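Next up is one chain by itself, shown in structure tokens, the form deposited without the named molecule.
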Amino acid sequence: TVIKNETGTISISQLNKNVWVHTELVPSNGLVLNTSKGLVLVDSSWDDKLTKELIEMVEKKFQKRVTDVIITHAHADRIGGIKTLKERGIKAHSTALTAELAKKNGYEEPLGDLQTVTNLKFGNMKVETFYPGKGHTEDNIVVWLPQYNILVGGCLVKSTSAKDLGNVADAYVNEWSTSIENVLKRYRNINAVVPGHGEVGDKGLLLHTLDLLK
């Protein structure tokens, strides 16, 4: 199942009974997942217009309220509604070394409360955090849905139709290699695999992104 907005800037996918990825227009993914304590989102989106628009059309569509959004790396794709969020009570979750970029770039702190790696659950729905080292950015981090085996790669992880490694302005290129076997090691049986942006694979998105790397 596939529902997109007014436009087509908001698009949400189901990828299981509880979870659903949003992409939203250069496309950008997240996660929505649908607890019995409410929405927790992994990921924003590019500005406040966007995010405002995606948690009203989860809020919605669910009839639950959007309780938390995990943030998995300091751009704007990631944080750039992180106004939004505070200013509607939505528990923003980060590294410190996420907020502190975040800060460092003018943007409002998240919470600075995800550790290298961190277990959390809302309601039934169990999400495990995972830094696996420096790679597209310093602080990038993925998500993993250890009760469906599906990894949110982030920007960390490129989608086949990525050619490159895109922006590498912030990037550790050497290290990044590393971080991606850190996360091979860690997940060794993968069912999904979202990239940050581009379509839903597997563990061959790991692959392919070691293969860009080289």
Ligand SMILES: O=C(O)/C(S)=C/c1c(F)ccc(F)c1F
Given for the second form:
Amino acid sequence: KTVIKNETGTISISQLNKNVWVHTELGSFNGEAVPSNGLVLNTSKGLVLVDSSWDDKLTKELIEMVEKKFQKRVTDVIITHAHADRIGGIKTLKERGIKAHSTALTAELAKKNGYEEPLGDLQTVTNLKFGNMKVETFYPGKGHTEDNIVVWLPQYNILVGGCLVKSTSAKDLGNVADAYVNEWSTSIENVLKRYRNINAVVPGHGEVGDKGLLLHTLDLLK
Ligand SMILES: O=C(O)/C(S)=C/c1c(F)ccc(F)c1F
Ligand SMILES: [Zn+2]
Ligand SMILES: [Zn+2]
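The structure above corresponds to the form deposited without the named molecule; please give the structure of the form solved in complex with the named molecule next.
Expanding to the full complex; the earlier chain stays at the top.
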């Protein structure tokens, strides 16, 4: 697939189909680069992102790269939980007039932790349409965090698992300070029950996979 990088290599976009790309950014933490993934949706009414990035500098540069390439503005972002990889660029979004969608719980947690607040407009199931691009958001229950949601593209059967879903390279659950490891299995089961025919699964970190990433996450939770 087509892969396009910034000069530093810290931001990359990879094409999944004509209108759907994965964005990946490296956040540097004590000398260790840590990548994280979101989506870029190229719609007839603008660009929509699933997730920002670790901080405002990276978010600014991601927006600028995609607006230049796709020749449209970023209009909306969906924030999938209130950790820095997802929400760290919220100040940039607000000051540019980019709408930052989230559940109410994600917005409360953002505020509790000193971030600017997203809209708190998403429910347990929300169906959005941007141009011709359909987007469903789903709260499956607690897992990696109490608030994590997934994003589904029904025209492509693409699931953005976010940090609820571990990549094949993840050999443990990672940081579980804010996680609910009992509920996590049930939450993944709720995803597997809702979306029974999945073409790709985008984890929060690591390589794109398929429903096997869900099953891998269930095994890590044993
Ligand atoms: O494993 C992950 O998906 C994530 S988001 C871990 C994590 C976290 F628990 C707290 C803060 C943060 F900045 C993080 F990156
Ligand atoms: Zn997280
Ligand atoms: Zn994460």
